[PDB]
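Given chain A, work out where chain B with the ligands should sit, using these hints.
There are 2 protein chains.
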Amino acid sequence: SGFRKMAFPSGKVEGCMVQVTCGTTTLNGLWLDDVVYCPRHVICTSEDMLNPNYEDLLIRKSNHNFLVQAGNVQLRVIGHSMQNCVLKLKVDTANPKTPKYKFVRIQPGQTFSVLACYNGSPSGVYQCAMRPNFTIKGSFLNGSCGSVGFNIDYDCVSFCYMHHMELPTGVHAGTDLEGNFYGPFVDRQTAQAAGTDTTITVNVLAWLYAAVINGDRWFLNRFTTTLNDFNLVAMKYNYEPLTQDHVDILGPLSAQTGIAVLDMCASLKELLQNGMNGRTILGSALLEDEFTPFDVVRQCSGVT
Amino acid sequence: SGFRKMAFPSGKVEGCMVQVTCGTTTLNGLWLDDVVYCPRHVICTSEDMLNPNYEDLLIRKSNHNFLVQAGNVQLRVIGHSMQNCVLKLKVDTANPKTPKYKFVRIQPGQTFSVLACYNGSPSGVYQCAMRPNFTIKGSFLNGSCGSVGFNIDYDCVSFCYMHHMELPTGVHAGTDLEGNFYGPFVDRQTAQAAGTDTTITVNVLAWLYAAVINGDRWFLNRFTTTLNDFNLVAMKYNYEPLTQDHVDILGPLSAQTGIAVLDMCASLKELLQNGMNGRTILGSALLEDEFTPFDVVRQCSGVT
Ligand SMILES: *CC(=O)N1CCN(CCNC(=O)c2cccc3ccccc23)CC1
Ligand SMILES: *CC(=O)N1CCN(CCNC(=O)c2cccc3ccccc23)CC1
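Top to bottom, those sequences are chains A and B. Per this note's numbering, the very first residue in the first sequence carries number 1394; after that it's consecutive. Per this note's numbering, the very first residue in the second sequence carries number 1394; after that it's consecutive.
Check before you lean on any hint, since a few could be wrong.
Which copy is meant is left open, so a pair is good if it fits within one copy or across any two.
[Claimed, not checked] Listed next, the in silico DMTMM-like pairs over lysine to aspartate or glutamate satisfying Cα-Cα at most 20 Å (straight line):
| no. | residue 1 | residue 2 |
| --- | --- | --- |
| 1 | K1530 | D1609 |
| 2 | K1490 | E1407 |
| 3 | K1481 | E1559 |
| 4 | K1481 | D1569 |
| 5 | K1454 | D1622 |
| 6 | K1490 | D1548 |
| 7 | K1629 | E1448 |
| 8 | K1629 | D1590 |
| 9 | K1495 | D1427 |
These are calculated hints, taken from the structure and not from any lab test.
Pulled out of the complex, with its shape left as it was, chain A reads as follows:
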């Protein structure tokens, strides 16, 4: 037993990280097969931050201007193209460590692991969630752009995120591996403010089930609620509305614990209204929302 914020093992993704330099800018690239994916802003100077015209800036770049280094070995760039906000650098060598992979575009509320990198070198791994306002709360310094987010299904890595920027509020924005930003963000240093960072209700409920499974039960009460009643309280507390789809997704956890989903909603409703009163749930003094129901089942069952 015990329940931790756990990331996927990062080895399969470490084997894909390369350094990409264009002029004075160095960031990370993701090397899969014979293609290196990286943020297109690698071609920008600090001068081009306000209003970059990427097609125009790219005309001045040739294959030999993109320096790609895998470990201490240089890769030969034989083609380059821009797809949305990412560049795809075709190299003459397929990555010998390319895992089975997919490019997926996740929905808000979904979690993933990030392998934070600097100069093509992995520094750490942590678990994130795509927030309902399409930002992520990561840990990214200068040089971390091009670090990726992913999930693993046994031996297949599903890449879902590539880091591009930090908003002036300290939250992060990026793209899927087709180069499309999550949310309304753009790769421009301009006034971009995030919307409401609502709490992912279905994830909090999943985490309350994890708490019960792992012995933390104090918050269980004698009440029940309905989706409509619960949602009036959820709206008041800036929680995402709970749908019948979320109830169905929590079905296996409800079966395992014998606690009906709406009864867990009533426990959550009292926690929202009454607070924790200085108590903790799974070592947390707030309601954790960065575990999906799948993460809870995975961690509670021991999926490898």
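Same frame as chain A, now just chain B with the ligands:
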């Protein structure tokens, strides 16, 4: 910017995980060079849980009774020996993926990453701290024994922990890689209760410095304190006493932020006495103590 509970990249350790089966018991082993390290309780049945005599149980075990599998390939066991609470299974093949490594015995308050494994297969990675009562708060189900804790210094993995057991309170106990338990715990299913789980004061202070660096500054106050005054409050709140050594260790963070260590102690003192008042620091509603000052510097500087 942004500050996350980050684990080290786990690839170097994934390359070392093997499955070890003895009779009906399957757990994990750590394969370094031509030796596989695993908990000696792999030789126990559920029957032997109350009072195992490991020397006696081991007499009935031969090299061919220890089934070691690396991926889908069996390893040949050519010797076995018991060192404290671990078994060392000599195999005929050196692990080709053996990283540069050290075996270190950590002190309470020190953090490390755990690669949770089942049947020799990695399931996830998370960051832990050796608690002042010599337990860890992990995430370990049946089959996770033999999973290891480690730190990485550039390319050298320092293994500090191997998982052996769960106390009836849900907290975890294990050994260093020489097989010596941290704290007073034994590999016996008996009444073993943990002592006071005090808060690692120097780590909370380090995390308050990380908060200031990353923009969360509301808790900064107009006060200062002394080590003695601070420690009267720390004792009252079950915090570890702060020493001049801890003050010296926080020196670089104090220099970076311009906030004297004793001034940060006075901020911590008011947080202890007044609580958070429903506010958060780095997304936490409690004072986080599982980041050492070295972790904060590492994460804030971008060490790879
Ligand atoms: C996150 C990261 O590693 N970055 C790479 C280095 N840049 C500095 C130079 N680039 C910019 O200032 C710049 C220019 C155009 C557009 C953007 C968009 C997002 C971030 C930076 C941008 C900082 C980011
Ligand atoms: C953590 C883990 O994966 N374990 C391996 C499987 N055992 C079940 C069988 N072993 C015991 O019940 C047993 C016997 C003797 C001594 C101990 C000491 C600690 C834990 C189990 C023990 C459970 C643990």
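Structure-based check of each hint:
no.: 1; hint: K1530 x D1609; in the structure: between (27 Å within a copy, 14 Å between copies)
no.: 2; hint: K1490 x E1407; in the structure: both (9 Å within a copy, 14 Å between copies)
no.: 3; hint: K1481 x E1559; in the structure: neither (22 Å within a copy, 48 Å between copies)
no.: 4; hint: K1481 x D1569; in the structure: within (13 Å within a copy, 45 Å between copies)
no.: 5; hint: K1454 x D1622; in the structure: neither (58 Å within a copy, 62 Å between copies)
no.: 6; hint: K1490 x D1548; in the structure: both (13 Å within a copy, 19 Å between copies)
no.: 7; hint: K1629 x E1448; in the structure: neither (45 Å within a copy, 63 Å between copies)
no.: 8; hint: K1629 x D1590; in the structure: within (14 Å within a copy, 37 Å between copies)
no.: 9; hint: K1495 x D1427; in the structure: within (15 Å within a copy, 36 Å between copies)
Hint violations for this structure: numbers 3, 5 and 7, all remaining hints satisfied.
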